[PDB]
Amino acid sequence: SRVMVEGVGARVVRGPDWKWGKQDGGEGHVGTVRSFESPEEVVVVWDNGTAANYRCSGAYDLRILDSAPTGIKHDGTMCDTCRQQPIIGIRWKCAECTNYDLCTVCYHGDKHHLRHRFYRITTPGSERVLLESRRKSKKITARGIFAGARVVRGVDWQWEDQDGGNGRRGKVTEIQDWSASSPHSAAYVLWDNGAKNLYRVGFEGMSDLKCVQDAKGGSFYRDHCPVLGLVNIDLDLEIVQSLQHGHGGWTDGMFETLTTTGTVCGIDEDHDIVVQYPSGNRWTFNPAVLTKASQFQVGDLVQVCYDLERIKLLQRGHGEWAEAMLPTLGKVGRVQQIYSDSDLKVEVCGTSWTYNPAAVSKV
C-alpha cells in the first residue's frame, strides 16, 4: 500500500490550507523540514529563522518545492533535458510524449514544451497525477537562502566561529550538494570577514543558516507542487556539448545555464561569448548555443493590442483572459513587473492586469 514518506530535509513553501500570515516570510518563501513530530505534524525552520509546527494531514500547510535534499529518487529514470540519472526528488513525466521525463529543476525551469501537460510523480509509490500545462499555470519566485542571500548562522550551526562570530554576516554564492545522494542541500558562503565554507541548508533537515536578506531562487509552478503529507539556452545538451568543442567546452558547473538566464559580460578574441550568471560564474559559448529575447523593462509604457480576436487568443493561450479586460483594448499603460513566465503586470485604466507580452507594444 501507499504510505507517507517522512522526508526530513525537504524544501517547502506555504500550502493550500495556510492561515498563518507571514510566518514563512511571505508566499514563495522557502523553509526546511526539520523533523516530524507525528504523521500529522511537521516542524519547519524557515529560511528567515522562524521555527514552527504545521499540519500535514487533512489540513495541509505546506507544499514541497524540492524533495531532492531528502535523497528520495526514482531508480530506472533519467531527466531527458539535464540527464540526471536517477531523477532525484519529484519525478515529472510528460503525458503528451513517449517516454519523456524531467527533474524538478528542468520542470520548474521551463524545459521541454510548456504546452505539454505533465504527470507529477512525487514518490516511487505515487500514482501519477495529470496537471495543467505550465503555459497556463501560475508561476511565482522562490525566496530565501539562494545565491546572493545575506545570511547569519542558523539554529543547527556547529562550526565554531567560522563566520567570525554569532551574528556576523556573509553572502551565499551558490546552492550546492552536501553529498552526491543529497543535492541542492547546501549553501556555499563567503563570510564578510573573508572566511568561507559550505553549510547545510536542508541536508538531514539541518538549518546552518538564516538569511537576514533573502534572495530569489528561481521560479516555480506553485499549484503543481505536491502538498506535504540576457541569454537562455533552449537546446538539447548533446547539441550544446558538441557545439562547445573549441568554444570553452562543457563542465558540470554549467548546468545552471540550461534553466537560468545569464548575461553577456563579454565577447572574446575567437568571437565566442562570455556569459555571467547570478551564481557569480562566467562561462564561454559558441554563439550558436545562445538565444536571446525578453524585450520589455519595468516602467516601459505599452499599448494594449486592440485586435480582440488576437488578444483573446494571446490571453487564453497563457491562461490570463477575462472579459473584464475589454476596456483595456488599445489603452496605454505601464509595465509594473515582468513575471518569471514572461507575462507582464501592466497598470492600465487605474487597475493592473496580467498580459501575454505579445498582447502589448512599446509606445
Contents of the next structure:
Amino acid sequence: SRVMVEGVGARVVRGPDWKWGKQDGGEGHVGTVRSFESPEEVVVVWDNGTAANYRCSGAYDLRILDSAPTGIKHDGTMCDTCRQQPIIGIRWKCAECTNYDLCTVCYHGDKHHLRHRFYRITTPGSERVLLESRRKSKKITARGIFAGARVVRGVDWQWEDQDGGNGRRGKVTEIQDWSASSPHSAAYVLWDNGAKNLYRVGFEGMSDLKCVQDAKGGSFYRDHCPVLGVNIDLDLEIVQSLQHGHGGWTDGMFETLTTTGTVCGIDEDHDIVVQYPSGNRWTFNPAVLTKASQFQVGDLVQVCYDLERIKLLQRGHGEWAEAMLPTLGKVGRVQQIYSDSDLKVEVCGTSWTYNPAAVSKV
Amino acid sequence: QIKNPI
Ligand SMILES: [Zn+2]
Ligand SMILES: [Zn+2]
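With the form solved without its partner chain done, generate the form solved in complex with its partner chain in the same format.
And the full complex, kicking off with our chain again.
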C-alpha cells in the first residue's frame, strides 16, 4: 500500500491551507523540514530562523519545493535535459511525449515544452497526477538561503567559531550537495572575516544557517508542488560547442541554464556579458542566448487593441478575463516582469497580467 | 520556536 514518506530535509514553502500569517517570511519563502511530531504534524525551520509546527494531514500548511535533500530517488529514470540519473527528488513525466522525464530543477526551470502537460510523480509509490501546462500556470519566486543571501549561524550549528562568532555574518556563494546522495542540501558560505566553508541547509533536516537578508532562488510553479503529507534554451553540449572562442565553459556556469540573467553588458569580443541574481557575471556567444524580456520596469506600453489576438495571447498564458476589455488600446506602466516573462502592467488605475506580446512599447 | 494551536 501507499504510505507517507516522512522526508526529513525536504525544502518547503507555505501550502494551500496556510493560515499562519508571515511566519515563513512571506509566500515563496523557503524552509527546512526538521522533524515529524506525528504523521499529522511537522516541524519546519524557516530560512529566516523562525521554527514552528505545521499541519500535514487533513489541512496542509506546506508544499514541497525540493525533496532532493532527503535523498529520495526514482531508480530507473533519467532527466532528459540535464541527464541526472537517477532522478533525485520529485519526478516530472511529460504526459504528451513518449518516455520523457524531468528533474525538479529542469521542470521549474522551464526545460522541455511549457505547453506540454506533465505528470507529477512525487515518490516511487505515488500514482501519477496530470497537471495543467506550465505555460498557463502561476510562477512565483523562491526566497531564502540561496546564492547571494546574507546569513548568520543557525540553530543546528556545530562548527566552532568558523563564522568568527555567533551573530557574525557571511554571504552564501553557492548551493551545493552535502553528499552525492543528498543534492541541493548545503550552502557554501564566505564569512565576512574571510573564513569560508560548507554548511548544512536541508541535509538530514539540519539548519546550520539563518537569513538576515534572504536571496532569490529562482522561480517555481507553486500549484504544481505537492503538499507535504536572457535565458538558455539549448542543451549543455550545444552551448559547449558554441562557447568555444566566446568565453568557453566552466562548471560555475550551470546556474545560467535554468536562471534568467540580465544583459548588463556587451563587449568588443563580438560577445555578450550577463549578470545573474547570484551576483555572477558571465560571457557568451550571441547564438547561445534568447532575449525575452524586451521590457523594463517603468516602460510605458500600449495594450493591444486587436481583441481576437489579445484573447488568444491572454488565454494562451492563462491570464484572460472579460474585465480586461476596457484596457484595450490604453497606455500603462510596466510595474513588474514576472519570472514567466508575463508583465504586471498598471493601466486604468488598476494592474493586470499581460502576455508580453499583448503590449507594445511607447 | 513558535507553537501553533493546531
Ligand atoms: Zn534535470
Ligand atoms: Zn513533452
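Note that the rigid core is defined as the largest set of C-alphas that superpose within 1.5 Å between two forms. Positions refer to the first chain, counted from 1.
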Listed options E96, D161, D270, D75; Cα moving by 2 angstroms or more between these two forms (core superposition): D270
Align on the rigid core first; then say whether the Cα of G249 has moved by at least 2 Å between these two forms. yes
Honestly, after the rigid core fit, is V152 moving at least 2 Å at Cα between these two forms? no
Shift of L237 between these two forms at or above 2 Å (CA, core fit): yes
Cα shift of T260 between these two forms after core superposition, in Å? 1.6
